[PDB]
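*Asks:* Next come the chains, spelled out residue by residue.
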Amino acid sequence: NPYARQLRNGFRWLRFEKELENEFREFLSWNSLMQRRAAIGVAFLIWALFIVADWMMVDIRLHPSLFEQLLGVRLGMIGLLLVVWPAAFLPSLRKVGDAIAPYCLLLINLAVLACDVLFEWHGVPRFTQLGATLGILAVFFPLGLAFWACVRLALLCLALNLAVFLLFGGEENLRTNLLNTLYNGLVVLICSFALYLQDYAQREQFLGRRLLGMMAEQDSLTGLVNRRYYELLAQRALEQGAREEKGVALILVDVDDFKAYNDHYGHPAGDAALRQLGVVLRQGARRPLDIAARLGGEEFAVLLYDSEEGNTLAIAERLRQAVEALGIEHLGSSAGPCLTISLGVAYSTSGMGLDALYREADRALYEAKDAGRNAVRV
Amino acid sequence: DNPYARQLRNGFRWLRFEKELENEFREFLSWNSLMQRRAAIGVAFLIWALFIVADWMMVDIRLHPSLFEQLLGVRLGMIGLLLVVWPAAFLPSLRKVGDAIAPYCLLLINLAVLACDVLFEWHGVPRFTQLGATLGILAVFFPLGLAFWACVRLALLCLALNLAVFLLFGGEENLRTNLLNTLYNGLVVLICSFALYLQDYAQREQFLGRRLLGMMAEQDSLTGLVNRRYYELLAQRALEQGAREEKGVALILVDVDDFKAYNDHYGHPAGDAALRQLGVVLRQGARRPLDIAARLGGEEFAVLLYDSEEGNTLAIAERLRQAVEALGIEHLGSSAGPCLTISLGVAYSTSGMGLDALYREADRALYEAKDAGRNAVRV
Ligand SMILES: Nc1nc2c(ncn2[C@@H]2O[C@H](COP(=O)(O)CP(=O)(O)OP(=O)(O)O)[C@@H](O)[C@H]2O)c(=O)[nH]1
Ligand SMILES: Nc1nc2c(ncn2[C@@H]2O[C@H](COP(=O)(O)CP(=O)(O)OP(=O)(O)O)[C@@H](O)[C@H]2O)c(=O)[nH]1
Ligand SMILES: Nc1nc2c(ncn2[C@@H]2O[C@H](COP(=O)(O)CP(=O)(O)OP(=O)(O)O)[C@@H](O)[C@H]2O)c(=O)[nH]1
Ligand SMILES: Nc1nc2c(ncn2[C@@H]2O[C@H](COP(=O)(O)CP(=O)(O)OP(=O)(O)O)[C@@H](O)[C@H]2O)c(=O)[nH]1
Ligand SMILES: [Mg+2]
Ligand SMILES: [Mg+2]
Numbered sequence: 033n034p035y036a037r038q039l040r041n042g043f044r045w046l047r048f049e050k051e052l053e054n055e056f057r058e059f060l061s062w063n064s065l066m067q068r069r070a071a072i073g074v075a076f077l078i079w080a081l082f083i084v085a086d087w088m089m090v091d092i093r094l095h096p097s098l099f100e101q102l103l104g105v106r107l108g109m110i111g112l113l114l115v116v117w118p119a120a121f122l123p124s125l126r127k128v129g130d131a132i133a134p135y136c137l138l139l140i141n142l143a144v145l146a147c148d149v150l151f152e153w154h155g156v157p158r159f160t161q162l163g164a165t166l167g168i169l170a171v172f173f174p175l176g177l178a179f180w181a182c183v184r185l186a187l188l189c190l191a192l193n194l195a196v197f198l199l200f201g202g203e204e205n206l207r208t209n210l211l212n213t214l215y216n217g218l219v220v221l222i223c224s225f226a227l228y229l230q231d232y233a234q235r236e237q238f239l240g241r242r243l244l245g246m247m248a249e250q251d252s253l254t255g256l257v258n259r260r261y262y263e264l265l266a267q268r269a270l271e272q273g274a275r276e277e278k279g280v281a282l283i284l285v286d287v288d289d290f291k292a293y294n295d296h297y298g299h300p301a302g303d304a305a306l307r308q309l310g311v312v313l314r315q316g317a318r319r320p321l322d323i324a325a326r327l328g329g330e331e332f333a334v335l336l337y338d339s340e341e342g343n344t345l346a347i348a349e350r351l352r353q354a355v356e357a358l359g360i361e362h363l364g365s366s367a368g369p370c371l372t373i374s375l376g377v378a379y380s381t382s383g384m385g386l387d388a389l390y391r392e393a394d395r396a397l398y399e400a401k402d403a404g405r406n407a408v409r410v
Numbered sequence: 189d190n191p192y193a194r195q196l197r198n199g200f201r202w203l204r205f206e207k208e209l210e211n212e213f214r215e216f217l218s219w220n221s222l223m224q225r226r227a228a229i230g231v232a233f234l235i236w237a238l239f240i241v242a243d244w245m246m247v248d249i250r251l252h253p254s255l256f257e258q259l260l261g262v263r264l265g266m267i268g269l270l271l272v273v274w275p276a277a278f279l280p281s282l283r284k285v286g287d288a289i290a291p292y293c294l295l296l297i298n299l300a301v302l303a304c305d306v307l308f309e310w311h312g313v314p315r316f317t318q319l320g321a322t323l324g325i326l327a328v329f330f331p332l333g334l335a336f337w338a339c340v341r342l343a344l345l346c347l348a349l350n351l352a353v354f355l356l357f358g359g360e361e362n363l364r365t366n367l368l369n370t371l372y373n374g375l376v377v378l379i380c381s382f383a384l385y386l387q388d389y390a391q392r393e394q395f396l397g398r399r400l401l402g403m404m405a406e407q408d409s410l411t412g413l414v415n416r417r418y419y420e421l422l423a424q425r426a427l428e429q430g431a432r433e434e435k436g437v438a439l440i441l442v443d444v445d446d447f448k449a450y451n452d453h454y455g456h457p458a459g460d461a462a463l464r465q466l467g468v469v470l471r472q473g474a475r476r477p478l479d480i481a482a483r484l485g486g487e488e489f490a491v492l493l494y495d496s497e498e499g500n501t502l503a504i505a506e507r508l509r510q511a512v513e514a515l516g517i518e519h520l521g522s523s524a525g526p527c528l529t530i531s532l533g534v535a536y537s538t539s540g541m542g543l544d545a546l547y548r549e550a551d552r553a554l555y556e557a558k559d560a561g562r563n564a565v566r567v
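Going down the list, the protein sequences come from chains A and U. Just so you know, we're using the working numbering here: the first sequence kicks off at 33 and counts up by one. Just so you know, we're using the working numbering here: the second sequence kicks off at 189 and counts up by one.
All the given hints hold, so there is nothing to weed out.
Covered, in the sense of this in silico footprint (three residues per stretch, anywhere, with C-beta under 8 Å from a C-beta of chain A), are these stretches of chain U:
{"id": "1", "region": "323-336"}
{"id": "2", "region": "376-383"}
{"id": "3", "region": "398-406"}
{"id": "4", "region": "415-422"}
Keeping only pairs whose Cα atoms sit at most 35 Å apart, straight-line, the calculated DSBU-like set for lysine-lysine is:
{"id": "5", "chain 1": "A", "residue 1": "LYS278", "chain 2": "U", "residue 2": "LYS448"}
{"id": "6", "chain 1": "A", "residue 1": "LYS127", "chain 2": "A", "residue 2": "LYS50"}
{"id": "7", "chain 1": "A", "residue 1": "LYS291", "chain 2": "U", "residue 2": "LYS448"}
{"id": "8", "chain 1": "A", "residue 1": "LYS291", "chain 2": "U", "residue 2": "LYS435"}
{"id": "9", "chain 1": "A", "residue 1": "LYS291", "chain 2": "U", "residue 2": "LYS558"}
{"id": "10", "chain 1": "U", "residue 1": "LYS558", "chain 2": "U", "residue 2": "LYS448"}
No wet-lab data here; the hints were simulated from the structure. Think of the CB as a built atom: it goes at the ideal place given N, C-alpha and C, for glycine as much as any other residue.
With the hints as constraints, model all of the structure from the sequences given.
*Replies:* What follows is the structure, encoded as structure tokens:
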């Protein structure tokens, strides 16, 4: 089981196998549709709050040109925010949003510094140094991106935020911006702790549900289908077979003389071979809508879909030969040097239930097992 | 079913478990969060040390020596507080004490963040690191192992102090800057609350899943009592323990008689229905200490007994046989009575004797009870 082995060996440093990671990314994108809706809404609200704050804070009568330039930049992203808005709600193109989400964030960061880079252009001192911080925290919003995607994005944002102040506004406020950029560095580090626990929990919650579902779908010792799933699926198979008007053939597999194997070879060794029986039974089960299941204990049942009586006899004979050709020693057998297998085949028609076919299948094995080696009766 | 499975099916939006589950979860949270306190103490010591360096970096000691001294006293005070709480957090013996002051420790850190600022306006010097108050809020969201609502209510209280101190002790010269920064900090809390919710929700589902996955796989059964493989581990351990203290172990196998009639006349859902009442009445009849009851597979089950004599084993076998006989279930196809009949086989084990020998004797008596018209118990 690919899911089980990933959980056992651990997934530290937050990385799956190539196929599992691709499945996880689809899982991440599927469950982050609601988060994208909130992220677009909050970004529109935040930038709207920036505009009203700027107008009510800076005087226009003395610096009208500065106000006009700032107002153009802010509305520019707001209009650009309404053009990426149709690309985040339509499910038809949600895939492209996985690659443009970094584009839609770093561009927002670009405008955050653009508003400040104009206060010193017009010779007006700043009134809030917390603008740069809110652009950085937008990176950590849960847009369904991975751990390393968000982390590498904020670090790039941090570098660009530091760069804009070094080449601009020189010999003025340099100490206060460098400290604020340094303070932001701690902001990124603190948020990295929390995001790590989020992504680690998310992956191992995804791994659990896949493993839990598979475990209930199959049995444990072998890879066949457990009892309660087999009953439900066979009823669906019978209903489907009646819908398309074609008979369903049932063949049951039973091991003969298992006390001798148990008491002479040991309890763990006696059925250690059960997996070997499972694989050689499964390799003979490759047809479409052809199932392999264990009914609990020594006896197994496999269901054939759209097969004729000649085919059922042919496939039953070769699997009996195949298990005989395995040649596992079993000294207590009265029908051969090695362990022997009994088969019982029954045919089911449309509108005829599971109970009747099982009744029509059991005594063929009973008449075969007794006074018989590996005989098969229809 | 399981309490863990019950919660998962019910759902846990708003992040609240049952009282017993939440107490287990909180202990689970504290156990796994022990490593996080190592980093939390490290960063808080490092951050406050860096605050001291920054304050001395530019503050004019010549012009304002009193301001520098007062700030230096406050910052070293919490570092002293960090060195007195540090021995109370790394010791596993009082880990409950270590997180008994976690809201207390964070609030004090927030207090010094504002106290090392308001003194700038006390001495008439404009501040230079308005971002300082924000760092006192982000400390609340550090993964200290607290619950979701504990962190959320803590940061909101820290938000209140920022607004209160700047409106009252913040004078009137830099107010318009203060409310803007406090309003921006409100967005900081809101943004971090989104990520916090996903963290706690993802964590809680795992604990329900891990408890459910482990218990269903290793232990228990879908309808029965215990998995066959786990029964084998217990039986080997019980035999090893029994041989160590030199006492016999009694084994009893319970079998259903004439099950073909029940299956083909009453149906499969009736057949598995007969199983689960059979399981519960066998479970209620198994109350001895270190008593193992399991579903081996198919129709037969085995119960393991520790420190019992032949008379007790025969006595308990008879009453459960009468109990299941007293249970009125229509099994009209029976050839041994009006209702379904149950066969039992009891075997005794000695010291240093393998499970195959006792199992062979146990089933041997079972068939010799079967051919005797059922309803028989043999040793
Ligand atoms: N059982 C749990 N283990 C957890 C939980 N959170 C973290 N961990 C542990 O985190 C481990 C991840 O590997 P590391 O120790 O390298 C992770 P790091 O040291 O960077 O941070 P922690 O996750 O705080 O240990 C993993 O072995 C888990 O046992 C949790 O909620 N439950
Ligand atoms: N290790 C395991 N042993 C099993 C399992 N299921 C059944 N058994 C063992 O197999 C036996 C039950 O099957 P039967 O007694 O009907 C075996 P036998 O081949 O003699 O039956 P017929 O061929 O129908 O006469 C019994 O010894 C069980 O302990 C299993 O999943 N694992
Ligand atoms: N299968 C997953 N569901 C998730 C994940 N993250 C969030 N959710 C969903 O979160 C939901 C729990 O919250 P509610 O249903 O009350 C809606 P709320 O807005 O509070 O949460 P979200 O649905 O996460 O926005 C739940 O239905 C999940 O489907 C995830 O990683 N996997
Ligand atoms: N509904 C279920 N039927 C089961 C289950 N396990 C076995 N069986 C049925 O039990 C039958 C196997 O034969 P049994 O060992 O029950 C023999 P029975 O008690 O009918 O006759 P005696 O040998 O005279 O005691 C067969 O019809 C199986 O389908 C199970 O978990 N559920
Ligand atoms: Mg058999
Ligand atoms: Mg029987």
